[PDB]
Each structure stands twice: as structure tokens, then as C-alpha cells.
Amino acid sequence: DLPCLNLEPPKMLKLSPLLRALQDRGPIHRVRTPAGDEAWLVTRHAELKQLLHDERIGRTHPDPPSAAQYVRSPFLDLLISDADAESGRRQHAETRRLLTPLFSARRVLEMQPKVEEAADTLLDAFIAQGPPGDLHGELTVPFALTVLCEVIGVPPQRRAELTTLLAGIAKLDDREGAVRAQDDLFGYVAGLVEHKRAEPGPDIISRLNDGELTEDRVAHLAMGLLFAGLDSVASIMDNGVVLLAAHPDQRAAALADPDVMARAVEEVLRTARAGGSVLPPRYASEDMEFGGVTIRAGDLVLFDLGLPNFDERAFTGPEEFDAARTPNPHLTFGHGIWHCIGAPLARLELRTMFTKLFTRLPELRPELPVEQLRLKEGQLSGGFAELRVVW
């Protein structure tokens, strides 16, 4: 009898009864996943943060095609190899050395004008169209994609076509459709990488080509970035709009002052999804005794960021949306060597759009009561199916 996890959408600002019960009853539990496999679930902020620094947990497994999974995704399968634990950790460290400088404070400051231009253009169009409008499909997804394309070096005309492909690679209910979407996207990206070698621009693909990587790895890094920076930004943005609409005093504080806005963006990150934010699978590379249990070599270890983010051991009043919360040690961008390398751009995108959205549309709010918002099914990182708003 292992507790069995599900894919039900979370409620606003509150862990589900199963997740609250597991967090109350200890820091780590053997569970069953939506795919039907067994896993460890870590439920508290201190212990999760401690596993994020434990080099026994990583993206290697002796036998990747029989490894326990949370959901079945040919995209996530690309992440796991049968390299030994040291060689995997080496691969990963090299990856971080190359991606980390692409988002330096200087480079992020240089990105700002185009992030702000893109938000203006899209918000003009959204507003021209008049209420009600699908915030998700017509604003947050296209803004995150536009920004990402500009930074990575994908031409803007490709935006409609990537929206389709990046949805395709994330299908959970259609293995062949997902493999095919992956082949097509990769074929496009690999063509783009080759173009850029002949004609470099101030963009990530060129910066990665200026180094010692194979064509193949440059393409894989670019494709991973395109998937990592799209629906994540949209999810945090969609939920921040819901939360900020629902908390008028908090919103007013945020818009009144750019330092409350910077704090408010961290509180949106902490509270956007109260559960269900389960990261790509990681595995123990050897047995380890942790949190009163013995994790075995090969066991799946799951990180659901809602759990630590709502842990009352780490946060005073974790169910309260406090736009001024400081400090705010949320784990929404991960930590340690599993830490978001795009976080500086994501934060810029969030401050930029929250500010413009609520400045221009002070009364912006979802049309439906929150409990009637519908989540996309059968899609990795799927977020809302639509987010109709009025103003």
C-alpha cells in the first residue's frame, strides 16, 4: 500500500490533502507515481534542499529504459544516460559552465530593451482585441516564446511553428506523436545552428558555436533551452495574474513601488502552483540512508517544488500571499547544481509583464471563478488550457 500520487490540478495557495498529509507525517515517503512506478517523495524544504546538493542523486541510471518514472515522456528520457555517476556529473558541470555566462547581469541588461518592446507589442494587440481575452494563448505564451526566440537566435517568423512543435514534444499520451515532434524540432534547430556558424549574431546559439562543442550538442542545448524557458515562464505569469488579481492590497503595494514588485515576483514564484510541480526524474547512484529511510541505488527520487514552497518550517504563514515577503527562500528555480540558469531572464520577463499588465489594465482578472480554470491534460509542463480574463 504505497500512497498513490495523481495529476489533479492544485488549489490556490494550499497543498492538497494528500500532500499536506505526507508533509505532516515525515520528510520522505515511498510512493507510487501516475505512471504506476515506485518513487521517493521528499516533502520538506530542508531535506529537499539537502538532496539538491547530494551528488548521489543525478541523471544517470544503470538501465534507463527500465528506470521508474513519474510520467512517460520520450522528451524526459533524453535526460537520463547510463554514464557512470562521475561522468554524468562532469557532463552536467560542463553544461553549466557554458550556459551560466549567457545570462550574466551585463547580458541580461542588454536583453531588457527587446524584452520590453515585445511585451508592449503583444499587450497592444491583446488590448486592441478587447475583453474577454485568452491571457494564456494570446499573451503569456507568445511573450515568453518571443523573448526566448530573440535571446536564443531563432527568427521571429518561426513563433507559430515552434508553438506547435514545443507542444508536440511534451505529449504524454502519444509516444509516436511526441518522438515525431522531437525529430522535426531538432531538424529545424540543427539547420539554424548550421546557419549561425556561417552568420553569427549576438545570441546564445552563436555564443555556444564559439567553443568546442559538436554541432549535435549545440542543437540539443538550444532545443532544451527552448523547452525550458517557454511554458515555465507562462505558468508563473498566468498564476501571478490570478494571484495578483485576487489580492488587491498586495497588487497595489507591488505597483506602487519597484522594490515591492521585485519581492512580489519572488512571492508569485513561491506560490504559483501549490503542488504538482514535479521536476524531471533523478535517481540515486548508490544506496544512501536519508530521512529515516534507505534509498536504494537506482530508485527514483521526485522533487515537487510545491512541497518545500508551502513548508511552514521554512515560511511563516505559507498559505498567505505576501507580495513583500523578505527573505523568501523559495525553491521554484531549484538550487545547487539543479538551479535554473535562465532565472535572470525569467525574473526580468515577470517584472516586465506584471508591471505593464497591471498598469494598463488595473482591473484585469480571470472571467471564471478560479476553481473552474482548466489545466491542459496529457502534456508535460502543460499549464492552463486557456486563461480567459476580463478588464
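For clarity, a rigid core is taken as the largest C-alpha set superposing within 1.5 Å between two forms. Residue numbers count along the first chain shown, from 1. First, how it differs from the form deposited in another entry.
Only one of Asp174, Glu319, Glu138, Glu117 has its Cα shifted by 2 Å or more between these two forms after fitting on the core, and that residue is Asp174. In this overlay on the rigid core, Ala160 has a C-alpha that sits 2 Å or more away from its partner position between these two forms. A movement of the C-alpha atom of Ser66 reaching 2 angstroms or beyond is seen between these two forms when the two forms are aligned on their rigid core. After superposing the rigid core, the C-alpha of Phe75 moves by 2 Å or more between these two forms.
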Given for the second form:
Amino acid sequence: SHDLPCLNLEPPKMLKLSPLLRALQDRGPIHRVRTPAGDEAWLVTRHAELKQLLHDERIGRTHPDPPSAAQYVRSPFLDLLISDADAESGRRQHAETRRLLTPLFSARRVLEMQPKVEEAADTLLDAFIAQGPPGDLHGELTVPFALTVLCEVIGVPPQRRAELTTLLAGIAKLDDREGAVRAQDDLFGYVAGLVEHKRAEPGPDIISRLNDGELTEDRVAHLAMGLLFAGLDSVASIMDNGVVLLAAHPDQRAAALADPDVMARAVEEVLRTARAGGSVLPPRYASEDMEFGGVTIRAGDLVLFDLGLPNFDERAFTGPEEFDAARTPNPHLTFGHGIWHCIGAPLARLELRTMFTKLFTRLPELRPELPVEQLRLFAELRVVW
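Having gone through the form deposited in one PDB entry, I am curious about the other one (the form deposited in another entry); can you provide its structure?
If you are looking for partners or other molecules, they are not here, because only the chain is given.
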């Protein structure tokens, strides 16, 4: 019957939404679309409306029949995110997780993380530079940096790190529902052991602090594993894309390097411009019928949160296709918003400001080996300097 527009997985161009996504954003704030998996979904295309939906408690992770729930992509890994719970349960669990995690990232606490973040970048950059160019910025710097910072902050003693790495590759390579339940189970038991160690021997770290709050071992282990998933690929991929963006815009890179305040804004601009559409948060579903934006979203419908659409909405940014390291203000939604806002954001900002500063201070000429066109077609990111 339908002729819904069909979204696809083609990599976006640098600083430009795809023709189809510009046409949708142009046409209206909200549309019925077909996802790359072939299911129906609502795509919200504009900054104001997405922001408002991100605060709407009628959208969440529960679905009464998860196996027939619409999906953006088939992914055994993301399937485990879809709660079977009643909607109210889902909301309470979510609010309680936010209550438990938010104190861990207070101003004072993130200040206390900063010297480990500085130290980890110096150590890893020292090693990456010693190996000489060309090097794989992804596999040899940005991923290890993000993971090291996570170890330091969550409380993974150095001796246990080799196994963590391995269990994490072991969830990265997974590809069926059995293998993905099993890989989760192994990581979980590993993490429960970390929790028991820290009960015996507290540190100034997330696991000890959650222990202190009289949470049971399962609950601490679940929170710690969630933090591992939230803080790893996200950081590495914004960092990778930032190096590409900053290498490609020499005068702004120079302005960012001359003034830490410009560097702070440059980080915000990398966050805004790292992906120009096509990356969608994990699935989220209306838990009850809702009128929104001219349509009726039905209980159980898939609603897509593509944060790159708002980030390139000319209604929210002047000249959205321009990389402006000094853009101010910069209300990007790369950390989500409302009920879905990144609790690690202050830490993520710190990792990005620290690594862009040290990379481009020590290696002023650093750039990708391939030109952007070829790069677009990261598993690896080879750079020279």
C-alpha cells in the first residue's frame, strides 16, 4: 500500500546531510519511514521537536512483544536493550539508574578524574608517537585511551585489564542471539569479581562509591558494565571524527590551539558535526498512543532518534554545514537531552579537550592518510604526521 521513504545505511558525507534526509527535514518535523531493516518507524527531523520528544515519558525501552517490535537495524546486541517490562516499570528502573549514576559525575568528582585522564593520554600518546607514522589512530590510540580512562574511573586494577579488553572484543565480534547473551554473561561475571574485590579494598572510583551506597553486587555490576558500554565506542568515534574534522580545517585548528576557550568550543563543534545523519540511538517505542506534530504515534511504534538531524537543522544553527571551531552558542544534541541525557558528558568533554589539545600540540601536521572521499568508504583510521 504505502510508499514510505526508505532510510539506508550509506555513510554520510562530511558536514552535509544526505539528499533524502535534507528532503525530509525540509518537508516537515515528523514522518512515517521505512528503516534499513524494513520496518515502519517515526523519524523526527528537526531540533525543536526532537528535543521535546527526548523529554516525553511516553517513549521508552519497553515493548509488550519485543520479538515483533519494529527495528532500525537487526542487531542481537541492541535486542538485549528492549525491556519486556510494563511501561511504568521501565520508567521507574530508568529514573533509578539516573539517580544512582548522576552523583558519580558531579563537578568535584569529574575534577578528581581529570589527572587520570591527563596521565592516560600522555602515556598512550608517548607510545603511539614512538611507533612512528603512519599509525592507526583508532586501534592504537583513541580506543585504548577511552578504555584506559574507563578503567581508571570505574576501578579496574591494571592486572585485570587484559581480560577486560578480551571480553570486550568478545562482545564486539558476536553476531547471533545465543553468542550475544553468552558474551554478556561472561563480562558480567568478570565485572562481579571486580565488584567483590573493591568491597574488600575500596578506591576513589565508581565501583567503590556504588558499593558505599549499599547497592547489591548484581546492581553495581550492571551499572559498571552499562558504563563500559556507554563510554567506550562513543568517545573513540567522536575523537576519530574530530581528528578528521580538525585536520581538514587548519585555520580553526590553529585558533583552537591558541586559546583553550576556543578549544572548548571546538570540542562542542566536533560533537555537533561528527556525524551528519544516519546514526540512530537504540530503539525506543511509544508506550501509549500520542498525538505529536500532526500525527498519532501508536502504542508500540518505533520512534527514531537521529541526533545528526537536529545537529544540522538550519532552524537551530546558522550555517549548519560550516565547521566553526568558535561557534557560539552551540545547542547540539550529541549528548541527547531530557530523559535520555548523557550522564558521562562532563567526562567525555574532558577526554576530547585533552586528547585534541595534546595530539595537535605535539603533532601539528597530523592528518588522515586517505583523503576524506576514500575514508567515507572507523575500523581503522591511519594517520601520518
